[PDB]
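Enquirer: Chain by chain, the residues run as shown.
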Amino acid sequence: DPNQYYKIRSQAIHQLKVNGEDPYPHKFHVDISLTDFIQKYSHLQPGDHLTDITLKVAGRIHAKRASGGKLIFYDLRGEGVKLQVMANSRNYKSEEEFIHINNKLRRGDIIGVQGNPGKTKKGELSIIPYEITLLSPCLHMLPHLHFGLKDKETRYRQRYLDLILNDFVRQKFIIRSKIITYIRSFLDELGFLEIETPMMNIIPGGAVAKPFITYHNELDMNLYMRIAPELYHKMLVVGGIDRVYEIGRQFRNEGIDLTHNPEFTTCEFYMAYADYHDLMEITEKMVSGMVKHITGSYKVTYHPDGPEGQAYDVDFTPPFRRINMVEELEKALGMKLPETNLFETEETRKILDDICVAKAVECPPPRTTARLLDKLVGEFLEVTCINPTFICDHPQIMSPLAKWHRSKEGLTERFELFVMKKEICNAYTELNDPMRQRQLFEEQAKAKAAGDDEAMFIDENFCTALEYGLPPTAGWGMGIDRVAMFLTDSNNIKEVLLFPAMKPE
Amino acid sequence: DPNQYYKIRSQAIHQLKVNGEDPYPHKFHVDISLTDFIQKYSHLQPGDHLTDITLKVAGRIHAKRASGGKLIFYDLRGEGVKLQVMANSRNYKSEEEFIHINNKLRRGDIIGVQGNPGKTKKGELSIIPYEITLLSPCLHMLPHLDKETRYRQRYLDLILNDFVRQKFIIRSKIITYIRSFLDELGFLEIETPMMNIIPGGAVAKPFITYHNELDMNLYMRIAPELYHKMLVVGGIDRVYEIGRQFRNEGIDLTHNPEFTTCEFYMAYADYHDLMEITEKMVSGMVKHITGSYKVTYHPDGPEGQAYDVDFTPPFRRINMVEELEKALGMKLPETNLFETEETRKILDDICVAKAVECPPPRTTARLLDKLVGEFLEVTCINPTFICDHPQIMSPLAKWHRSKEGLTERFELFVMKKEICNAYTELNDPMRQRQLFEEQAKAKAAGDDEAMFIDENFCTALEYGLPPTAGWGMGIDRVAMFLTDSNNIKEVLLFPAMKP
Amino acid sequence: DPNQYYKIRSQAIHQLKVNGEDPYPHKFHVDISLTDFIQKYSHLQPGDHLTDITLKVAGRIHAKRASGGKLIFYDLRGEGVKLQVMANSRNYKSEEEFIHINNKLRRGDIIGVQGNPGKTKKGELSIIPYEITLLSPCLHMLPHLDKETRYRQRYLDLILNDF
Amino acid sequence: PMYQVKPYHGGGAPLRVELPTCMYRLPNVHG
Ligand SMILES: C[C@H]1CCC[C@H](C[C@H]2Cc3cc(O)cc(O)c3C(=O)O2)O1
Ligand SMILES: C[C@H]1CCC[C@H](C[C@H]2Cc3cc(O)cc(O)c3C(=O)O2)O1
Ligand SMILES: N[C@@H](CCCC[NH3+])C(=O)O
Ligand SMILES: N[C@@H](CCCC[NH3+])C(=O)O
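Protein chains in written order, with the deposited numbering: chain A, 72 to 576; chain B, 72 to 216, 222 to 575; chain B', 72 to 216, 222 to 239; chain C, 2 to 32. A prime marks a further copy of an entry chain.
So that you can see chain A by itself, here it is in the shape it has in the complex:
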């Protein structure tokens, strides 16, 4: 039937081309948006008809309803709003043209309408057309909210259908755009320079991840898609550009789930002469400010398990709670952890392994100290982070690019911001001692050559940059998609990506 529909409409539209009726005209002059039209004429009384005012509007037909032989209603939509077209034979250019155009149009078609503002007796704002023009026909049977589409996969594979039928989808992507615009405004006003750094590298760095590999024709070498801009940013700080930020795509060749997509958008910024304490204050101010600006309040409703589960109000009222990782974990475990440092030590690793086993906390190979800790933190600390919460002072073994903690041995000046059990920010006082950085790279290098395939490559170039002097500095990253998820009540990252990656259908 839809298949039959398409054949018949396609032939009809073709016959229009043959007869010179031009079903895809080059230019229609819209006078006014539907939103403005509604705002301007909502004041009309039932039965009003402004015969002296003629306007041109356009949109998509979502419904067609005949009422006798001389009256037809079209539900015209655009910009997330709707306007009724009440086409009356006596007000149309001619009766013959009225019949011809009405017989031509179908639900789904893009049309332009020239007519007067009015309102029906029932109080429905309308436009009363002198002329209607087909601008672009819909060749398929347009789906309808009652039937469709709620099926996720179709929604993501044909986002245009999703946008046509589901107003809430448009609203999510408006919010997403507002988030990014807010962040740029915030950072611009603090004197940051918006920069662009390479998305293709000889060596991916700045994060723990599996990279994408590609071949570059001109240089006749393989290159890696970036996993993070971090090392480039710090080199520019070395360069004397004190405040930089970049909102852009990163690529990580890993799993796909509710909070993970292989390409995703982040904001990173770096700030000379700042430390992690400064960044927590800035983070609180930016995030709370953002939430209040966009939503109207500090409290946001979120369904962590979707609409079939319970909802919770998430309170972004500053200041955010702070917890120290090792401290809080020890409290949650009811036991003390062995101390760790830069070097992987089998005694310590074994103790953590035993703890994971005893607590039934899974950790896939390789079961390294950092990974076992990460899994433990996930099970016992992250799960308690409902409202925005800083988890602070990560062990050095988990943080190869973070500066050592100035008062806590074996720890670093790092924080992560968690919301609804998920990490929305990662930041630290930057390691700026080249000897120490090289030392950490050598440990990462060893561990790669030992079986850790997510471990970092030595970046000999970056270390050299550090030798010229990186000022005391603090850096920061935010997962833009995740923030968007929390501010749009989405529990699936695919909801905030216009065209998410999908397995072939």
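Hints in this document: simulated from the structure, not taken from any laboratory. Among these hints, one or two may not hold up.
[As the list claims (entries may be wrong)] Listed below are the simulated EDC-like cross-link pairs for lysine to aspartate or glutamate, each with C-alpha atoms no more than 20 Å apart in a straight line:
1) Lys-98/B with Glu-538/A
2) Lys-363/A with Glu-92/B'
3) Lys-430/A with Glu-418/A
4) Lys-281/B with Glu-289/A
5) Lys-78/B with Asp-102/A
6) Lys-446/A with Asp-424/A
7) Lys-479/B with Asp-504/A
8) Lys-78/A with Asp-445/B
9) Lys-249/B with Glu-260/A
10) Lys-446/B with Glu-399/B
11) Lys-111/B' with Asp-102/B
12) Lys-153/B with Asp-102/B
13) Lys-356/A with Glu-19/C
14) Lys-193/B' with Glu-19/C
15) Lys-574/A with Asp-328/A
16) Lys-223/A with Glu-202/A
17) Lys-281/B with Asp-445/B
18) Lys-98/B with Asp-424/A
19) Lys-7/C with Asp-102/A
20) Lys-363/A with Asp-93/B'
21) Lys-574/A with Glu-289/B
22) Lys-175/B with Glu-289/B
23) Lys-98/B' with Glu-352/A
[Stated by the list, open to error] Which residues of chain A face chain C? A few of them, derived with a C-beta cut under 8 Å, are:
24) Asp-102
25) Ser-104
26) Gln-116
27) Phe-239
28) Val-240
29) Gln-242
30) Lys-243
31) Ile-245
32) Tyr-253
33) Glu-260
34) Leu-261
35) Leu-264
36) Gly-360
C-beta atoms are modelled at their ideal positions from N, C-alpha and C, and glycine is treated no differently.
Given chain A, put chains B, B' and C with the ligands in place with the hints provided.
Expert: Same frame as chain A, now just chains B, B' and C with the ligands:
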């Protein structure tokens, strides 16, 4: 000697570490920027010394000069400005510490300074330190005052050369201006996929990569065009995206494999509309950023002549086929004959006669392109619209409403280089599908420049794309002209280099 | 009349509370002292207006003077000094809000001011507000310009008498 | 000129973000 310097300084700094003197301290509390310091105290008279005011600043040492045994001057730089540090032991926390710090510091070091505003007898604005702190030592010998080195070590370039920072500030202003311009016109800023099953929207060799979780190859995007049009189908009438595209092609003065573009799409607009908008945006951009419509450019670099490029609207317009006819001094075929082999052969002959080279395959699109490059683009010094391209070179553009065989397309050229491409969007799904089939057929025959057919996009068009016009701009090239750069590497922080 | 003033202002302020307009806000972020403001911008020439600079100050209103329907001057005092607030609707956040705040404010009130450094034609240093916030209203009629009263109400003595 | 569409930021007033802040200081009366 630079190698010796590094060995020696490295040892001295490691020694500072062993002696617990903390050469990389965690935090220094900067009170005021160097810029603000200069602004606040430039009114001082020579000899002044505000002993009641103490401030903290920081920056990089570019010079060190001793004057006697109790006085040392440091040139402190940051933020594109400079401030003199005038250190006399008499004003320092203690003489012994004055000795220790001065013996420790070297050119290149990052330092924090706590002290008072002042002015030397000679009238040099200064800060007179109570205490100086080493924040980050430079282990290498700092250079003073080839291009390869500038591009492979951009941080060195930025430290030494003030103009470089200014180029990237201008680049940022350009991008921010465009966002403001489009946001104000009711456009929505969107993000579309950089990894595609099928690359489209341009003519280019793509990068290919393997995605693990989906166990299938993907292509890096060459343009976002097809996604934007699908969003317009979706009912978002005005969209734009400023982002990276990737083209696996050659590197030269005006091409890099990854580069930044802005594309926008506007429902119920045509190409005439986009010309006015382009004019207003570009002229407004140049004026806002440079202070006038005229910008000086050295097409051959500073060794050559300069020209003022005039962006005063309206821009000159020329029609590809007519102007080419004038330029060649010969009549070309009727535009409705451009798909014929007769026309291709005619163009091939013309290229041979005029010594215009065109490597295989010698298709109509490529021969015309070469001819246009030779006879038309070179005449485009001031901003110029080249309009009404043949359909055969514009498979996504809508047919021209009155010129059979042509399309409603324009390109904007400045100093012989293309900065924009735009057209009334083809929204007839049957005709678009026909054109895609011809592309795919040509592709299978061996034309690598041919597009892939995109079924999902064609299907989208079948739901009805409103009359629409779209537009693209090469951001790097715009930045080149607004920074007087003739090499794209000048406006890319880290350009791709052969290792 | 002072008794009447107090009854009337008390009611108006309680009404502000009922209308959720928060006449005693918890925190206002003062950027710079009045003293430093005077020191920093006294070099300005008459007519100047630094539209790029926005600052926050606070103090007590000692005088209110209307000049037409779109211009009001407030004498703002603190730290033993004074600063003129020159409020024109043209520079204010919005005209409606300009109206609302000016109708709300009275001599004696503590206010916070967000605005730009400037100088009137006559050469009076001023701050030109984008927004004015009521921080703490004075419910009583502020006195102007015996010793018993000075000693029993030292705060009044301190407000009125610089010495 | 193309028909008017209000900016997505609302159109009311230019975005004005809340920025970090620092308690002002008064001078030492004894200094
Ligand atoms: C730059 C980082 C800082 C911490 C939050 C966020 C983490 C990020 C991790 C991450 C990894 C991955 O493989 C795929 C993804 O979609 C994400 C993500 O959205 O969140 O951004
Ligand atoms: C989107 C387009 C529209 C026309 C101008 C410009 C063309 C673009 C072509 C192009 C191709 C390539 O392989 C490498 C590059 O650096 C560029 C470029 O900067 O300019 O941007
Ligand atoms: N590059 C980090 C974010 C910044 C961390 C602080 N320099 C990440 O991908 O998680
Ligand atoms: N996708 C085009 C720019 C937009 C053309 C108009 N839709 C290009 O890469 O050149």
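Enquirer: Does the alpha-carbon distance linking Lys-193/B' and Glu-19/C stay inside the 20 Å limit?
Expert: 35 Å, violated
Enquirer: Given the hinted pair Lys-281/B and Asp-445/B, is their alpha-carbon gap at most 20 Å?
Expert: Holds - the C-alpha atoms of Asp-445/B and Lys-281/B are around 17 Å apart, at most 20 Å.
Enquirer: Should the interface hint for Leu-264/A be scored as holding, given a Cβ-Cβ cut-off of 8 Å against chain C?
Expert: 17 Å, violated
Enquirer: Sort out whether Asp-102/A lies within 20 Å of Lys-78/B, counting only the CA atoms.
Expert: 73 Å, violated
Enquirer: Once the shortest beta carbon distance from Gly-360/A to chain C is found, is it less than 8 Å?
Expert: The hint holds - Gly-360/A has a Cβ within 8 Å of chain C, the shortest such distance being about 4 Å.
Enquirer: Is the hint on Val-240/A kept, meaning its closest Cβ partner in chain C is under 8 Å away?
Expert: 15 Å, violated
Enquirer: Measure nothing beyond the straight line between the CA atoms of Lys-153/B and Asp-102/B; if it is 20 Å or shorter, mark the hint as holding.
Expert: Status holds; Cα separation ~16 Å.
Enquirer: Does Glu-418/A lie within 20 Å of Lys-430/A when you go C-alpha to C-alpha?
Expert: 19 Å, holds
Enquirer: Take a quick look at whether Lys-98/B' and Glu-352/A sit within 20 Å of each other, Cα to Cα.
Expert: Between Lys-98/B' and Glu-352/A the Cα gap is close to 17 Å, so the pair holds against 20 Å.
Enquirer: Return the status of the interface hint for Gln-242/A: holds when the least beta-carbon distance to chain C is below 8 Å, violated otherwise.
Expert: For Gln-242/A, the interface hint is violated, since the closest Cβ of chain C sits about 11 Å away, which is over 8 Å.
Enquirer: Between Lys-574/A and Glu-289/B, does the CA-CA distance stay at or below 20 Å?
Expert: 9 Å, holds
Enquirer: Going by Cβ atoms only, is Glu-260/A closer than 8 Å to chain C?
Expert: 6 Å, holds
Consistency with the previously given hints fails for numbers 5, 7, 8, 14, 16, 18, 22, 26, 27, 28, 29, 30 and 35, ordered from lowest to highest.
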